[PDB]
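Starting off, we have a lone chain in the form solved without N,N-diethyl-3-methylbenzamide, written out as structure tokens.
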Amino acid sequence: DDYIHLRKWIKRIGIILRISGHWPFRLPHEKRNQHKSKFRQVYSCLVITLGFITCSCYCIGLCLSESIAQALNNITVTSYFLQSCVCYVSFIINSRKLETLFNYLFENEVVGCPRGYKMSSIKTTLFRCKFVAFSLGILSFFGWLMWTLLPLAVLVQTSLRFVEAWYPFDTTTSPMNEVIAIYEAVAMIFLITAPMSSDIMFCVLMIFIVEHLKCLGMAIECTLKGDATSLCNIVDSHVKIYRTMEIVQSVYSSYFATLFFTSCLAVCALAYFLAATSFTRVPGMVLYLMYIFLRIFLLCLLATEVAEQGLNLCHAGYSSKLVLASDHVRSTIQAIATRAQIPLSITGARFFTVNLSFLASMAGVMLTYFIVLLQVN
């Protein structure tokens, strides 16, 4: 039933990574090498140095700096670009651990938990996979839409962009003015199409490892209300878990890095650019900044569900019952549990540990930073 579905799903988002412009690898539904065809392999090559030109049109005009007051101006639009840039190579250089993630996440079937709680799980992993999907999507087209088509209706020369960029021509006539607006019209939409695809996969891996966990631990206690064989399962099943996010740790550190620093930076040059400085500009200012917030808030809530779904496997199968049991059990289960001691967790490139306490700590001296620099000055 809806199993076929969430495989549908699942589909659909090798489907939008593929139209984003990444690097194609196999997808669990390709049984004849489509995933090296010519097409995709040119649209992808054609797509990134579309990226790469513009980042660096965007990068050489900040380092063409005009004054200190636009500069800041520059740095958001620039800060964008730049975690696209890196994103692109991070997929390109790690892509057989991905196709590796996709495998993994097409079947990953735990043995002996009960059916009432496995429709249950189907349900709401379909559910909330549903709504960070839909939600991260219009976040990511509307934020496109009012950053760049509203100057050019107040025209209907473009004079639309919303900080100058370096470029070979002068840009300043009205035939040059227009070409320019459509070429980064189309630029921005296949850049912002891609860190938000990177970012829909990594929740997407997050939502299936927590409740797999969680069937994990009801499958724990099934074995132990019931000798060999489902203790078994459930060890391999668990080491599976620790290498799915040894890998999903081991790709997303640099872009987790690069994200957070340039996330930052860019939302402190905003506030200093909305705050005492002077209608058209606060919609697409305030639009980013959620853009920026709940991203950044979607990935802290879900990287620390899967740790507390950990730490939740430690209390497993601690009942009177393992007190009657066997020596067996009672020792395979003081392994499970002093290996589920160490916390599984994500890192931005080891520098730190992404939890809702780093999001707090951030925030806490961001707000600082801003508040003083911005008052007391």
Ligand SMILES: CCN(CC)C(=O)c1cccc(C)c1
Given for the second form:
Number of protein chains: 4
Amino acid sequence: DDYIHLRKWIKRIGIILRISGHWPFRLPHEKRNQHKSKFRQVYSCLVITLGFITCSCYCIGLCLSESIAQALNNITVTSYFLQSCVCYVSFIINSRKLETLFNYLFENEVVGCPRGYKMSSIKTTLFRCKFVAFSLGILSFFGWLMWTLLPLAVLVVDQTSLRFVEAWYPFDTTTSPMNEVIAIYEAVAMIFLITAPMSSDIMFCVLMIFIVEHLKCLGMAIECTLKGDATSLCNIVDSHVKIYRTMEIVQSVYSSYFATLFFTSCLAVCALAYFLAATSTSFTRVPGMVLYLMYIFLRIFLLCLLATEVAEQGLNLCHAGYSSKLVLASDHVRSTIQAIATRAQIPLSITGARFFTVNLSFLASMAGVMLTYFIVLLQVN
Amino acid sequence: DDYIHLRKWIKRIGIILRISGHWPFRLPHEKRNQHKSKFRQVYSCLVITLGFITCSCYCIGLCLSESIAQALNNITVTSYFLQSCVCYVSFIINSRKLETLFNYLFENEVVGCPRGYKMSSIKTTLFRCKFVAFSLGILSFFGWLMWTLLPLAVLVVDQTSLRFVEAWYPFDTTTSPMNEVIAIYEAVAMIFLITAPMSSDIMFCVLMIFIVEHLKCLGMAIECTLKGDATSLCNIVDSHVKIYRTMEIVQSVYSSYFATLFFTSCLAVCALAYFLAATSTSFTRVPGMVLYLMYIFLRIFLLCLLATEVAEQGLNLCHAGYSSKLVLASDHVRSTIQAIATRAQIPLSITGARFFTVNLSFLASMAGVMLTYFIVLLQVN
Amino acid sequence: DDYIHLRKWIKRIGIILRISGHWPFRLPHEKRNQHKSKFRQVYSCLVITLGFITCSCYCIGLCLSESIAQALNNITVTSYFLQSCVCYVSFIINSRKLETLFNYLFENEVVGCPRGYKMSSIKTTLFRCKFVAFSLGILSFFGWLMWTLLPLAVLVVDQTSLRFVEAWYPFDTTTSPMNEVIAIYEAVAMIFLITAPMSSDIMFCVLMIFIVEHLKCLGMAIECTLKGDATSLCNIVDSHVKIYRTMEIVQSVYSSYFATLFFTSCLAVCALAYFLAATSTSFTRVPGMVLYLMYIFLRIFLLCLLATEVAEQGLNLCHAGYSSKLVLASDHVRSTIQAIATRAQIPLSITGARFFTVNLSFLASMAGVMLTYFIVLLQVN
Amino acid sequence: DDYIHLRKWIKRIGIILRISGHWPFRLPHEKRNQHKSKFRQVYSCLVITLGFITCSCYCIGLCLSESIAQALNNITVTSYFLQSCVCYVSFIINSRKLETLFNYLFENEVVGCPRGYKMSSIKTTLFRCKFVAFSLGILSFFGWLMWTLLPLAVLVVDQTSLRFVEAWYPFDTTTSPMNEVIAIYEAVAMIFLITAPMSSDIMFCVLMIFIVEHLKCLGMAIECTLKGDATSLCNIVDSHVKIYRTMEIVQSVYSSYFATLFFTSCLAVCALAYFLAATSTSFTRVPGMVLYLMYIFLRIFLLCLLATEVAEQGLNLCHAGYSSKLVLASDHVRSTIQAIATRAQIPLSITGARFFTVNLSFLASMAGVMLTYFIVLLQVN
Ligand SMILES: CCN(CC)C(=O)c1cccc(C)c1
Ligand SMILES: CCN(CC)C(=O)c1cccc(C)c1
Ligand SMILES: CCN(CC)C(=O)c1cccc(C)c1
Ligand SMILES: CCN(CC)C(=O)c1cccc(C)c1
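Next, give the form deposited with N,N-diethyl-3-methylbenzamide bound, keeping in mind that what was shown is the form solved without N,N-diethyl-3-methylbenzamide.
All chains and molecules follow, beginning with the one already shown.
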């Protein structure tokens, strides 16, 4: 069966959310109260504390800067690291809503749709899910492998400064006793701090894909029940309000995370464009800086695209049922379809801490701001 | 009882609005026609005239500037002072509407809500009220104490220019006979001119908190009356129209005050960022200039947040009642819920003299404008 | 009677529209086919041709510029002159719609309003009409008197270049035979080219004031007919659709005129701010350049304010009738009030050639653009 | 008959779409399965491959640039060429939807309209169609003739570098054996690569004109059927939903094409304004660069105008039927007119890959961006 295949994938997503050290909540397939184990709790606490102290050493390493170039070289990695920290806190706080969200993915079976549509819907869902997940995973692995292991192959196979950008430490970390084990520590902390927000964006993309498929199924079900008494309309309205409650749940955690993400990502792409444009770099960091740019652009573009698709499917749900049969229906249908339309006129939008609406036009406005500040930072030299 | 506690707090707000010299109007708890006393009227007239002449000496002290730096050092304090003057005039003119607003806070008892919700609503209201009031009060006291008493401890405990920025005066004010009593006069005028707009923003924050709680109570009451004849719907519509009339009353006074506030606050934060960035300041004004920045950002952020919450609660009221029961109701309910929704689609927004809508996105746009003009003013040196 | 007073004023407006040389159309009070006279037609043709040739000499005088300063000194007057020419053409083309507009001002009597409201409405209408008309007229007279007669009192009472900015001419116009009669010709052409667009803005302000009063009367009439069968609702809907047809008529002519006006006015205020800031002017043109700025700002602000008031009154008409009585009315009232509301949700907006919406926020955006280009033009020196 | 005349014109449009080498689809007048011929398929494949290799040589000719000036001189032509390539791909992919679109133009006969309106509608349609088609065709022919044949008349009638801007080639192309035949090849490739997107914009303009006429006919038909049972309303709703399906079909292909078009057109007009402003050009390319500017501005303005007209006609359809008769109709009419209005409130907008809405305000925003980047590129020299 194809459907049990879908089961596999959502279990994998839950597994990855417990690999990178998020707080363990109840998965739908788990029914032995396994998430309350201490063996998985000390894991998440250890990884969260390690990420916190690494981000704090990097953040106070920024304020103790030598010049402008070291400041920007700290700005990029500290931006990504505090993105990871904001994501850690936001998944720590709202643990209960994630269980309801994963229960929504487990069963979402729409009633009233023709049976020929569900198969192609499941195939498109699995294809797009596999695409976004493997894309972000492979780009993350290549970027980490370059940025972390490329300077090690210059010296460790056989003077100082193995890592690309230094940070604040209580130890000296310049002598040969300490710098290698600092590099190893930075490697494993880099693994976890990269793995957390990528997994969060993967889960958000899965949720948006499922909500798009659900809204298309709802529109087809409205057309099917109008082509043909009350109970079908009650089930339609209940699915339409369940979708709205689910998006209202998704709004909060990703509101805080998206505000932090978008601001620090704009800072990171501006600093990267300055490093690639002006300063005569050492050419061993061009394959890192040309992959971090593509990762940032791909992540922002995928988030904005899957946030625009949901609003477009809601507005497409507004035009559902409007045909010649609606004129010939009773007063009951002409009232409930009117109610469904005037509720569907309100768009389902994910806002970033209510400062902006995550759309595709916001990507164009932010790219304009990035171009302006890149021109300014280039002129300042 | 908790509820009588709320009584205490609104009385305190009225008391503070008569301490800082606003025009005395009838409070709800007062029932002896006490507000028409001359003993409280000559107070407000004396304080308003003193604030007017102090703001006028500061304003014509700006045009008689020596250079650019003295001009900006006048620009900050004159911006805050004419904010205070605009607030004084706006509370002088519309005295009658403030009585209806304080009568709205005295009794606002929603009918039809389940009894278990009102307790937590009152607790959240008291907590957020105490938070915003004590926050702005303590920051104002620390900022005034620094800016006014820190230069006095250099000289008065034992050459000229005790105050930080000079102003126009008919007296000489440079000689030792006059400068000390000018400093004392500036201290008490500083107390009143700081105390007025902070108290106005505290009252606006109280009103927005109460309107948010009222809208949430209305949504819960709609859900409760749909879960269960006409009279409940009439009471719901009457509460919904009373909220709209109250916001329409709040719109005007704070429209004029918010236009003045936002423009002069942008000017003040730009001039402060220039003083903190470039000019080698004397380090005795860094604790003043680093608290005035935090006060400005906190005040603007709290105003924008509590103006966004009301619009979000209105749009959340639009989605109320939409469920399976609405399909099974009569024509009467399906008409009145439709009317409530198509009225709730119009957002309750506080505009600043109709030039802009006070939202959280406006804070981002204004911060972008502040960053652009700070870059320009830094480049001009 | 007060009402016949209103008659007087609209007749005066028609009279002024035929003084400045617009194409003569039928006024409401005229009933002898007087507008088809040739005695008033050769007037308008002569004045329009004179304004055309003066604007053409000024426009080709701009392209034959000596430097940047003479180019901007031509830019200001040519901007105002081609505003006048666009207004002349737009009133020449649509002569028929102006008759229907002046017939709308002649009789607009709303039915169903309480009688106590109409008196205060007429008083407020006459007050605001007199205010805007006398304000723009007196500022125009002072600006023309300064700019035209102030250099004449230096020389003509007793070497060359009497006028402030020269233009292209076939004659020499530098010798003493010709320059005085060129100055006289420029004086009378200046009178007509100033008098035309000011009269057009006065008529637009009158129309917006009347539409605001009409919408407030309609809202009060809806409240009155809901407080109390079908015929009142038919009269309400007919007045509401007549207001929309009138605004749709007003949209076109002022769309073209407002596009030209706003663009050339932004150019003029930028060039004036450059002349007042940098160049060491001769101080005999400071009273002209400081009145032209105030006239431009006052005209733009009054147009934007009276365009925002109409949209606000439409959205206020959306909330009319919504009360406890609407729940207790029949199906007929609950359907027609719903229809009135869903039609009133569409805003009555005057757009400038569909490029922008004339609001008060547009004034803030245009002022930001003016500040940016003033900073650039100051930096270019 | 006039109507058969319309037939002629749409056949001509189909003919031109098969002249410039687009993929051949079934026209409405063709009924012998002529579009599946190989004689017309190898034509389109040959022209598409030639345009691809020419665009690829120009695109890799950009990256192998000598300086900034040669880079911009490549940027303009490569922008137009990749516009042509994106249009080629977008017409290759969606071949099936173009058949339904051309079947919509073949028969669109509205039922219920008064007969006196259709004649003037057809006359206005033919006039505007002929205007836009002949305008873009004549400007394209003059621009191509100038840019391609003007340097040939300097040398070929009787040292190197016949073409204006060079490109990458495997051949030498500088010697006299090869440069002439390279110029001939560039001439014919220039013909096809210019002829494709102009024909696409002509078809889009035809579609927007027809949709505007259809919406006006629908509004007049609503007024006519309200002036007078169910079947007329069913036909009205079916025409209104057919218009929406047609615009939803038009959205996709022109979404991708409009995104590419608008971005590369902004780049091209910025580079052209730099070439015309600063660099001492050879004056033989001023008649080319002053026609390419007018072509770009005319094309963008016509696209934005005919995209704004459709949204304005939809919002005008929202106000249809609202009169005194609607109050006196049955419940059926007052429900179906309400449904038509609440569906017509959603605007029919053509978005460019969902990044922006093609309006006339977007033209103003893009012109502001063009002015800013032109000022920057002028300052960089
Ligand atoms: C900058 C984040 N980072 C830590 C240094 C990386 O290795 C890195 C680089 C490129 C792309 C990705 C997903 C991670
Ligand atoms: C600038 C206003 N002011 C008068 C000089 C102050 O003392 C002051 C400084 C910081 C924060 C607050 C609330 C007041
Ligand atoms: C610039 C237009 N103008 C002709 C030179 C004037 O005299 C002028 C100057 C200021 C204000 C007004 C209404 C007209
Ligand atoms: C830049 C495109 N191009 C190829 C060089 C042209 O000949 C060209 C120039 C002006 C106007 C038009 C429609 C085409």
